[PDB]
Amino acid sequence: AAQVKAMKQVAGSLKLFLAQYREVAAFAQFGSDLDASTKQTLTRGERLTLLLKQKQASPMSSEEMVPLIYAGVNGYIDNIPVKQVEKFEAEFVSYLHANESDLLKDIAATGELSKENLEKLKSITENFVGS
Amino acid sequence: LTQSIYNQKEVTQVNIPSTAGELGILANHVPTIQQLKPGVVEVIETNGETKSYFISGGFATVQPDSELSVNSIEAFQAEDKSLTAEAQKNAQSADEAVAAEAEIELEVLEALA
Amino acid sequence: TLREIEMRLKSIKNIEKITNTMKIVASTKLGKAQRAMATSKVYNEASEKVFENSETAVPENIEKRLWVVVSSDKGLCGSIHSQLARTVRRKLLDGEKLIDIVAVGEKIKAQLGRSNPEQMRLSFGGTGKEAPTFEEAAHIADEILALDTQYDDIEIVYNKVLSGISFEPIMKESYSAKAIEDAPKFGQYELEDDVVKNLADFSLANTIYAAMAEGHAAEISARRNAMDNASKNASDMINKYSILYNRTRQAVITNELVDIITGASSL
Amino acid sequence: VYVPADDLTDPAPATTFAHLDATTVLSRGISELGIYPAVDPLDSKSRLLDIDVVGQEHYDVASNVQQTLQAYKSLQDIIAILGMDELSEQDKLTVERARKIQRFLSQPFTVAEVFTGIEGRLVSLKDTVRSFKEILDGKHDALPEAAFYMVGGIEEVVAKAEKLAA
Amino acid sequence: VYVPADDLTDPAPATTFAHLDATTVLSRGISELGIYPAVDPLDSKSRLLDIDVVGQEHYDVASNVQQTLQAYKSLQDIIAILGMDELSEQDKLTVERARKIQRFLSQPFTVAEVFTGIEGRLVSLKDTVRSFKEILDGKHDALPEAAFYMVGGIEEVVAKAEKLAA
Numbered sequence: 403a404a405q406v407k408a409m410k411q412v413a414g415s416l417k418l419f420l421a422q423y424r425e426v427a428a429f430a431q432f433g434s435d436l437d438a439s440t441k442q443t444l445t446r447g448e449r450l451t452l453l454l455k456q457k458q459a460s461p462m463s464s465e466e467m468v469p470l471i472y473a474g475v476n477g478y479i480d481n482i483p484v485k486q487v488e489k490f491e492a493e494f495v496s497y498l499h500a501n502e503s504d505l506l507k508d509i510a511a512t513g514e515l516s517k518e519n520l521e522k523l524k525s526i527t528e529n530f531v532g533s
Numbered sequence: 015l016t017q018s019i020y021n022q023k024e025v026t027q028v029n030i031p032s033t034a035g036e037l038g039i040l041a042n043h044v045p046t047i048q049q050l051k052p053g054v055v056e057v058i059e060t061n062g063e064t065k066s067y068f069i070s071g072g073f074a075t076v077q078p079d080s081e082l083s084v085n086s087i088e089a090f091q092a093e094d101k102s103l104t105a106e107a108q109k110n111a112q113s114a115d116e117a118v119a120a121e122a123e124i125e126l127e128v129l130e131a132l133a
Numbered sequence: 023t024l025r026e027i028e029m030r031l032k033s034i035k036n037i038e039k040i041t042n043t044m045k046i047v048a049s050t051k052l053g054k055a056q057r058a059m060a061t062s063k064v065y066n067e068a069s070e071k072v073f074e075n076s077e078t079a080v081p082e083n084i085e086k087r088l089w090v091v092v093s094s095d096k097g098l099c100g101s102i103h104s105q106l107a108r109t110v111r112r113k114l115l116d120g121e122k123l124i125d126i127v128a129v130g131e132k133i134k135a136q137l138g139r140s141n142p143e144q145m146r147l148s149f150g151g152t153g154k155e156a157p158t159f160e161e162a163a164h165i166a167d168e169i170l171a172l173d174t175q176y177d178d179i180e181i182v183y184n185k186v187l188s189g190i191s192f193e194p195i196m197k198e199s200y201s202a203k204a205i206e207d208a209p210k211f212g213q214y215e216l217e218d219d220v221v222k223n224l225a226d227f228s229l230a231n232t233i234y235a236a237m238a239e240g241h242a243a244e245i246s247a248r249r250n251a252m253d254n255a256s257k258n259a260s261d262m263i264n265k266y267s268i269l270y271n272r273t274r275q276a277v278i279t280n281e282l283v284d285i286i287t288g289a290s291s292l
Numbered sequence: 341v342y343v344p345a346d347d348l349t350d351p352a353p354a355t356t357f358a359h360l361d362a363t364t365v366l367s368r369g370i371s372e373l374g375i376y377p378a379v380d381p382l383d384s385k386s387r388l389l390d391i392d393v394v395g396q397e398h399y400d401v402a403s404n405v406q407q408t409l410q411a412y413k414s415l416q417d418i419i420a421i422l423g424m425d426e427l428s429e430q431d432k433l434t435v436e437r438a439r440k441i442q443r444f445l446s447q448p449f450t451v452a453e454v455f456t457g458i459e460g461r462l463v464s465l466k467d468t469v470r471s472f473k474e475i476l477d478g479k480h481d482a483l484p485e486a487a488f489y490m491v492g493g494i495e496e497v498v499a500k501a502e503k504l505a506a
Numbered sequence: 341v342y343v344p345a346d347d348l349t350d351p352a353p354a355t356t357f358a359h360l361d362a363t364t365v366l367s368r369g370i371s372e373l374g375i376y377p378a379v380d381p382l383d384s385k386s387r388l389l390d391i392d393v394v395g396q397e398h399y400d401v402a403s404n405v406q407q408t409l410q411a412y413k414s415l416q417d418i419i420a421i422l423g424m425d426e427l428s429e430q431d432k433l434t435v436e437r438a439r440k441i442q443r444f445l446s447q448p449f450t451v452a453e454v455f456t457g458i459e460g461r462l463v464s465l466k467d468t469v470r471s472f473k474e475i476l477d478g479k480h481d482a483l484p485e486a487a488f489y490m491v492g493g494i495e496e497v498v499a500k501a502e503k504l505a506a
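Chains as they are written, first to last, in PDB author numbering: chain A, 403 to 533; chain H, 15 to 94, 101 to 133; chain G, 23 to 116, 120 to 292; chain F, 341 to 506; chain E, 341 to 506.
Incorrect hints may have been included.
Said to hold, decoys possible - Cβ-to-Cβ under 7 Å is the rule here; a few derived chain G residues that face chain F:
1. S101
2. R139
3. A255
4. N258
FYI, nobody ran anything at the bench for these hints, they're computed from the structure. For every residue, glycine included, the Cβ atom is placed at its ideal position computed from N, Cα and C.
Pulled out of the complex, with its shape left as it was, chain A reads as follows:
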């Protein structure tokens, strides 16, 4: 009950998506005899743990993190390789601040996400696919 309300629904699945992932990410490398149902958890987890990278002395606020983690649960970054995903994060948080600075303002003031603000991120997912 100490976690932000805008973080229990985007990271509540992230906590248990890395639970059945520690053992499937270590043995998936030696052979390509994996199933599409077992290797898919690695295709998303290899970016989620890569998303959790953070530069030194670079604290990101709460209003800039909720967008990213919501896309990781839905798996909208599985296509981008493990090389540009860190750059994907670099120019995705800068675009939404120039596109929807109002959404970044409400979450930083309310911290509450209804059913209307969740559909707002859907339109933000359709613009970086061509970049």
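Got chain A; can you put chains H, G, F and E on it based on the hints?
For chains H, G, F and E alone, coordinates are given in the frame of chain A:
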């Protein structure tokens, strides 16, 4: 074969493109066996249901059991070519190194359907 | 010692990570092996199972025999290449002395080349890196016909598999052109006086493909028995090396505190 | 010399080895396998294992037996995990000989008639030496490991193999 | 009871276990199976599980539940992978009864009327033993796992099945 399509349950109507000419095996046919040539293969179920396959070689063993056996390398539907046009020209032009590889790869494209 | 216990633990505890993640991986291969075994068991028998009804086997004359062993070069698959060496040898002394062998794989060239080096001159390695295909069968079957004609009694040695419990040492036979033609009940066939020589080479190159599929399943279905026991024998080694680590830590805390108590209460 | 808690690094036995001309280390793990006496062949040493004392004939066998028994217990990890079938063609034959030697080393003592029932056995020095040459070589390599258990020389091995052959 | 460095030979737990008569183990993996409370049924043991204390009636049924949960745990290797069709019909029933015997372990607490809202249910001892035999002995094993999930007694299970049907 690389794929497995037909069981040996019921007698059906099938044609074969043999090296002794395209033939036809129906019911209690004589155990007549000789190699087949790359060509079209027509297979039809009862009441005249139209199907088709392809063959790139193999025999067609027959035994007095009223059931035909066919083995090949390719076995797909007919529904399943600029590179082949060059591979056809590259086959026509071959040097002193054994040409045999060139002629054979065109006899499988004689069907072209 | 103490320094190497935790070092030896991390090795054995992460060996458990490998063997336990090779018991289910092989279970996926079995589904791919049977579909690659039905690739050759309902395809080749049509030119053999019904062809063995003519029964052109055992030519009465005595000539040079031929035994082609089928195996893959990948190890950690139980005792496939161990009982196969005996299977060829048990019928050798009691075949007699005349025999020739065509070894298939890297693991088999040292299994018989160290025992019978004169019984072979051609043998290629690099067979079992993945599921074998048909193109590699013609790259070895034609080479049997490239050396010399010789034998009319070619017999293939492979491993039968049933329920994946264990392997099976047998000796299958592949009829030859002279034997194929000399059949007591062959007149039922009516080949139009064409080539009867290609009938043997088509069946021989398809016995190998039928032997490199059922012996490729006895490898997977016995690899697990060498990777399942490698997990219950590693866990029986972790426990004995987890209790020992607790004993050594319990000995470090005392034998160091006693060394302090002695020095402190010396005054 | 008693050893506290199987600890040879204990200060009590460690200062005793220097005063001894020949040591005969007994092991607990060997006694759990049923090998009596539990004389560890890789820790029992002597000052009379030189060519100036017994010659080259005895020294060659003793140096060849210790090398075979070392090659088996150095690959004990692979045997206990991957199994005996995951070895080379020669390192599987050495294991076969070592298991025979390790049990042929066992010997029924004269006082061991109350714990085993087998009669007491006394084997000569030169009778023991040649018995290992007929085990290291291609001789008697068809006999199992149970033919060397509680035996005094090969002359009693074949006596058991005579019962085994029938 | 806490265990330092997961060492059961440590002087702190070992001296504590000598006075204990029973242990109740709570596993987090059992809570992931929807089992509340998350009492691990195979690791929790007791000294009063003997026929000289509870009798033959209580001992046989309690020794038959954990062996099926041990069978399910041993067959858990093929259920989560190969499925439930590669089993013997009695082994299909064993895993089935295990699903029935693992859901019936769940029980609603009386103090959870504020946090869960589900009406509490307190079950006696003799009615619990009799209930298990009516679940193990092939009786009403066609109903789904929802008729055993978080239930009390056996006269309430069948009463709940009359509400789950329609």
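We went through each hint and held it up to the structure:
1. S101: Hint on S101 (chain G): holds, closest Cβ of chain F at ~4 Å, below 7 Å.
2. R139: holds (6 Å)
3. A255: holds (5 Å)
4. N258: holds (5 Å)
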